[PDB]
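One letter stands for each residue in the lines below.
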Amino acid sequence: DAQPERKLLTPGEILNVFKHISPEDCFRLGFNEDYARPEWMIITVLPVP
Amino acid sequence: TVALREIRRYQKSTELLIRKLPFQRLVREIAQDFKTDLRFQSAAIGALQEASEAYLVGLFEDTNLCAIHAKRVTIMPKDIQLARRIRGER
Amino acid sequence: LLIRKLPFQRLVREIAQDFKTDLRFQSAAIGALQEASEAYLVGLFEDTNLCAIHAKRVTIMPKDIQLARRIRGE
Amino acid sequence: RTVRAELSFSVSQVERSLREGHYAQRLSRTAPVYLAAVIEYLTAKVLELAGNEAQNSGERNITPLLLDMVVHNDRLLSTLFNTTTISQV
Amino acid sequence: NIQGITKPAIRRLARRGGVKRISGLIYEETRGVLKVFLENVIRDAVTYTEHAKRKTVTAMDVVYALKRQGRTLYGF
Amino acid sequence: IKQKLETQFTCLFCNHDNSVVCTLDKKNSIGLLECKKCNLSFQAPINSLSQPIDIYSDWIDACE
Amino acid sequence: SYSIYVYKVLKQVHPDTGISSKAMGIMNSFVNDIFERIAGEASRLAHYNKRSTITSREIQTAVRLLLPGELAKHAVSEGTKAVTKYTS
DNA sequence: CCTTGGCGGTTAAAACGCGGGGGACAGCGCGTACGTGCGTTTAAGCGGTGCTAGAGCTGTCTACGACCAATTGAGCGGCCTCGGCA
DNA sequence: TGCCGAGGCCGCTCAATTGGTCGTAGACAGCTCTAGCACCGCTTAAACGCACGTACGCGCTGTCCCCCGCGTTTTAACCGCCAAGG
Ligand SMILES: [Zn+2]
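Residue numbers (UniProt numbering), protein chains in the order written: chain A, 195 to 243; chain B, 46 to 135; chain C, 61 to 134; chain D, 22 to 110; chain E, 26 to 101; chain F, 15 to 78; chain G, 37 to 124.
It should be emphasised that the hints constitute simulated quantities derived from the structure, not laboratory data. Check before you lean on any hint, since a few could be wrong.
As a list, the in silico DSBU-like pairs of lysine-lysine whose alpha-carbon atoms are at most 35 Å apart [stated by the list, open to error]:
hint, chain 1, residue 1, chain 2, residue 2
1, E, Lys-60, C, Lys-116
2, B, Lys-65, B, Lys-123
3, G, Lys-58, D, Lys-66
4, E, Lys-80, B, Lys-65
5, F, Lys-51, B, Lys-80
6, F, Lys-40, F, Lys-18
7, A, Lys-201, F, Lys-40
8, E, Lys-45, B, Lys-65
9, F, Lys-50, E, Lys-60
10, G, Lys-117, G, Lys-86
Go ahead and model the full structure; you've got the sequences and the hints to work with.
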């Protein structure tokens, strides 16, 4: 047994990790390179209706 | 004969002869008796096991020589009680 | 000291000549060598004795000395 | 100075280690060249035998089993490794 | 416990050492020699860890503890 | 089976909060408080009804 | 640290034979050990004579002290025939 | 409909009793070469001046290499171009 | 036929060079210490033979505890099931 250090996984931290996912692994995860790219689930600019 | 066979084999190889898990438990137990919940790098325990097995093997060489000196083929307590004394361990 | 000191000095100067030439020795240097040598030999004889007794031999033999020296890593 | 002395170890990096080890207050002009030359000799004597034993046995690379078999054999340098233990892990 | 150093692991080690036939009163002795060796090396490894203000005994603390017994260990 | 639980209690010595771990061994009726920081350890008896607040209460009275 | 030069000497002594990745760490711990032993011993030498500069002479003596016999002879001949080739 | 509290099911091997069968521990017999206390005589060992000087101890003097401070050149990693094997 | 493997160019970070202090390292002198090497008188310590004894070693015996194989079986350690809650 060892002392674990759980730190918060901020959106910005996760955002950079997602852009480095390869196209071949993007497909295998059921996402889609043209229409549903996985880093687009994080919001950086909000559309104003 | 099978004894000789094993000696030809083990002396040929270099894998650790004590089970990993058990050794990890012994080390952590003993260490726990000096300082509570001490965390260990895996390499630390590995270092301890390499050192311990090299030590025991050498000890068994000397022990063997002590047994053979007394015209015996079987290692006993009087062998180690002698090897370790001459080593300055006791 | 149990060895004639002078003999330890002779032997010493002889051995030393084989390493470096025209050497001189302080008397205390030779004395140091003799204390060390005799202490070493005495301890060795203790261990040898233990080997002999181990082999139903309380009386040291060359075999005993050789075992002792092998286990010492000498 | 390493190619100029026709050596293979850097007199520089080792000298930097000496500065960082703080083994003295001031080094000499030619002390690290001697220490790198001497060290270089020990590496080119151990690896010369590891490369002799890899081709004597028939091995291609050099494994730690080759180092453990050589340095405890070869009474030339087995005295340097009386009290060493190659981990093999 | 020390009982994890089993009978056939001490026998295997003896086989590596060159022992032919081994008497029964040697495993306990080995268990008692191995425990002394670990109590001498782990004390120094824990001393280097408490000196380094750590809580994890790394492998270089074990290499330093074996170096303080004339048992230098290469590969860590 | 033992229960290893983290708590939101403050260690009475090092004062780090949310760093006290409680190990309750009901098979032998022995509860164990541990810090994760200074790692001070405290043992106390537990029943079958006890919870991390029961031994942490016994630790407050064992100091005072 | 010293692993980049072990392979560079190995290319001279055996340009055909390669080396593993654990054996490089073993040769690197061997080099950092015989370095911190020769420099340590040399440091002891510079203190016993109350000097302040480690010259090549304290390295030649620490090589004579540490290495036994023919390894010290060869060790002192390679350092001497490297310092002389250096000064020229 | 989904994920933890404690519980069977999941292996490499040893917890080896215990059936078999023999290497070899310690006491006992004989049995021989070597082996030290005491004995002789000795050649070196312990303690004293006499003589003679090498270099350590301690003092102040003169001195050359490192510390930390501004310059600035080569090795290495990230772009970026060139090129023959598939 | 053409793009990823390798060498070249542009930045990064640490190494190399130069100039002023600066106390410590090297020189050097005065001078007393214990090591210098040569001879006496006496003595504790050493070279060589003895011999009946205790220890050192070889051979045969008992019975006896580790020797080798098999089988599940159990801790320790990796993979799936009971039926309560939110
Ligand atoms: Zn605390």
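Each hint tested on the structure:
1. Under the criterion of a C-alpha separation no larger than 35 Å, the hint pairing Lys-60(E) with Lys-116(C) is consistent with the structure, at around 30 Å.
2. For the given pair, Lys-65(B) sits about 30 Å from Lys-123(B) by alpha-carbon distance, which is consistent with the 35 Å threshold.
3. The hinted pair formed by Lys-58(G) and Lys-66(D) meets the criterion: a straight-line CA distance of about 19 Å does not exceed 35 Å.
4. Note on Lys-80(E) and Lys-65(B): the hinted pairing holds, with a Cα-Cα distance of about 22 Å set against a maximum of 35 Å.
5. The straight-line distance between the Cα atoms of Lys-51(F) and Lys-80(B) is roughly 14 Å, inside the 35 Å bound, and the hint therefore holds.
6. For a cut-off of 35 Å, the pair hint linking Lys-40(F) to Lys-18(F) stands: about 12 Å separates their Cα positions.
7. A threshold of 35 Å between alpha carbons decides the hint, and for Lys-201(A) with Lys-40(F) the separation of about 32 Å falls inside it, so the pair holds.
8. With a CA separation close to 26 Å, the supplied pair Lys-45(E) and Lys-65(B) stays within the 35 Å bound.
9. The hinted pair formed by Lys-50(F) and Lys-60(E) meets the criterion: a straight-line CA distance of about 29 Å does not exceed 35 Å.
10. Between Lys-117(G) and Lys-86(G) the CA atoms are separated by roughly 28 Å; this keeps the pair inside 35 Å, and the hint holds.
Violation of the numbered hints given earlier is absent; every hint is satisfied by the structure.
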